[PDB]
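Dock chains D, B and A with the ligands against the given chain C, drawing on the hints supplied.
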Amino acid sequence: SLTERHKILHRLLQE
Amino acid sequence: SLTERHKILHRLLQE
Amino acid sequence: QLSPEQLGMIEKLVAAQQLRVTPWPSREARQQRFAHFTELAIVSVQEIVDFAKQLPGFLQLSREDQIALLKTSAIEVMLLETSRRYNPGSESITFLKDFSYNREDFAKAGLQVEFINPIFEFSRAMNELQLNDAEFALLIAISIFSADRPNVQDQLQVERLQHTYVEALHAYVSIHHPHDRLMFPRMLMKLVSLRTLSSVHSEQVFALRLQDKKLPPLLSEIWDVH
Amino acid sequence: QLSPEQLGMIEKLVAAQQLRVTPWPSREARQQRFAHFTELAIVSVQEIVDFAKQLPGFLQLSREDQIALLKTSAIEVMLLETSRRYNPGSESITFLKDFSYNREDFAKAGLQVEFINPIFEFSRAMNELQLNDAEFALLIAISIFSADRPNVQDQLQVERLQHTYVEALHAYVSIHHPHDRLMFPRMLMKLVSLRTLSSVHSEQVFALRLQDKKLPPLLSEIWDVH
Ligand SMILES: CC(C)[C@@](O)(C(=O)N1CCC(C2CCN(c3ccc(C(=O)N(C)C)c(Cl)c3)CC2)CC1)C(F)(F)F
Ligand SMILES: CC(C)[C@@](O)(C(=O)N1CCC(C2CCN(c3ccc(C(=O)N(C)C)c(Cl)c3)CC2)CC1)C(F)(F)F
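Chains as they are written, first to last, in PDB author numbering: chain C, -3 to 11; chain D, -3 to 11; chain B, 41 to 58, 69 to 75, 82 to 282; chain A, 41 to 58, 69 to 75, 82 to 282.
Okay, chain C solo, but in the shape it has when bound:
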């Protein structure tokens, strides 16, 4: 996935 390859962007979206 793109999600597993974009951990920082993923974390910024989750917060």
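Quick caveat, the hints were computed from the structure, so don't treat them as lab data. Some clues are possibly wrong.
Each computed DSSO-like pair below joins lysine-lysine, with the alpha-carbon atoms no more than 27 Å apart [to be verified]: (1) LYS3(D) - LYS109(B); (2) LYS3(C) - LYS164(A); (3) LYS269(B) - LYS3(D); (4) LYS153(A) - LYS3(C); (5) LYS109(A) - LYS52(A); (6) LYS109(A) - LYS127(A).
Using the frame of chain C, we list chains D, B and A with the ligands on its own:
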């Protein structure tokens, strides 16, 4: 110029 | 409202738009398929040059600006002409009313999948809009008159000419789609996608350099890095 | 005509858009100037993510589509924020209400002229349009919601959302510029120039790999080829 480097395109425009 | 002057200009563009090509078939078959596609591309450039010369304001620009505009817009105009020839049923493109090709045929002609998929995806997207001759002629004129192209001198005049085509498209589209105000910006937004395709195309030209596949003189002139 | 729903939406977008940075100063000064620019870019990515989360329809897309949209629109949105901060007099850009930088400062920060020139050329052209907070917020929303981005799954929904912002921009611009029908397509046409700028930035990212200049984790994630 682009003209000196585009001789074929230049001739198509002139004709 | 569409003026008599915009009406006449559009109709003339539509009228303005209305041969030994290597036939479609081993290194011999591979070379022949590639030559078929480069030769169709050469025919397409020649038609774009002929149509560009009929555009109000084009021949008043310096020959240098005429070259700057055609050099960079050629691929976008070629991809719009390709999208116009798309068959949604068979997912193929018909060139010169007889030469029908799908994604596998494009690959057999030497194109990489990173270029083929976006051509076909753009073509599918364009087909959904269902543009007519008038709308295709106007989008082609807007694509040619882009002031932001590299090496353009008279940016102000190129932008002034672009706006005349944008205004005529807006007024034209308001008659063709009177109950859908989104049809006009949707067509303009296709010019955004065309810029990405032009970049994917430049990557394809670079890939041909690496595999020593040489473009014929006219295509190498407008596309290769010297 | 602007509806109460579009009015309320635009106002919320404008309100949503309303620090330990390496100081700006040899091999070390070049390294610190480069670090300063990478840190300003990180702050910009963080603000883009915060803004996108406030866009109606964005958080209803899958997280995968959210990442696909943000990964490739980030640079376009950053360059729009850059154009919004352009100073026509000094031909410079003011970052974080203090840090003013010109074409030579960008070169000193490790940027190649092939990228610096198009950024300043785009910023100058954008400044002529004199866009306000609402028009920048809507152009940013339109840039984020592009169904043609690589790896977008729900292309139809991304496109339906983009059309709501396009319609809101049209209706808004008709009040802001009641006598100039060209202002709305002129703003949309700037998205065409942003695609090229994005392509030029990719070449810049590839150049940094060659000169072994490493980007910080968040920028490497969204921009590097892994
Ligand atoms: C030519 C080809 C080997 C290639 O060099 C290339 O650059 N291509 C981009 C342009 C593309 C063309 C194919 C021909 N096409 C048209 C489009 C329309 C017509 C037509 O029917 N007309 C009446 C003009 C014709 Cl004859 C040709 C425009 C896109 C072919 C792949 C490669 F992709 F790099 F491989
Ligand atoms: C990060 C940078 C070293 C670089 O990687 C790059 O890709 N650039 C493209 C993005 C650009 C940024 C510069 C900072 N900029 C902004 C734009 C706006 C603000 C701002 O004032 N905000 C309130 C967000 C801030 Cl803090 C920063 C966004 C474009 C810097 C050059 C490189 F130039 F290629 F090296």
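Verification of the hints:
1. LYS3(D) - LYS109(B): 17 Å, holds
2. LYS3(C) - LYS164(A): 31 Å, violated
3. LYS269(B) - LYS3(D): Holds. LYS269(B) to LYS3(D) sits at ~22 Å (cutoff 27 Å).
4. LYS153(A) - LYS3(C): Violated: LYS153(A) and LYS3(C) sit about 30 Å apart, past 27 Å.
5. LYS109(A) - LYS52(A): It holds: about 12 Å lies between the C-alpha atoms, which stays within 27 Å.
6. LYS109(A) - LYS127(A): Measuring from Cα to Cα gives roughly 14 Å; hence the hint holds.
The structure does not agree with the numbered hints 2 and 4 stated previously, though it agrees with the rest.
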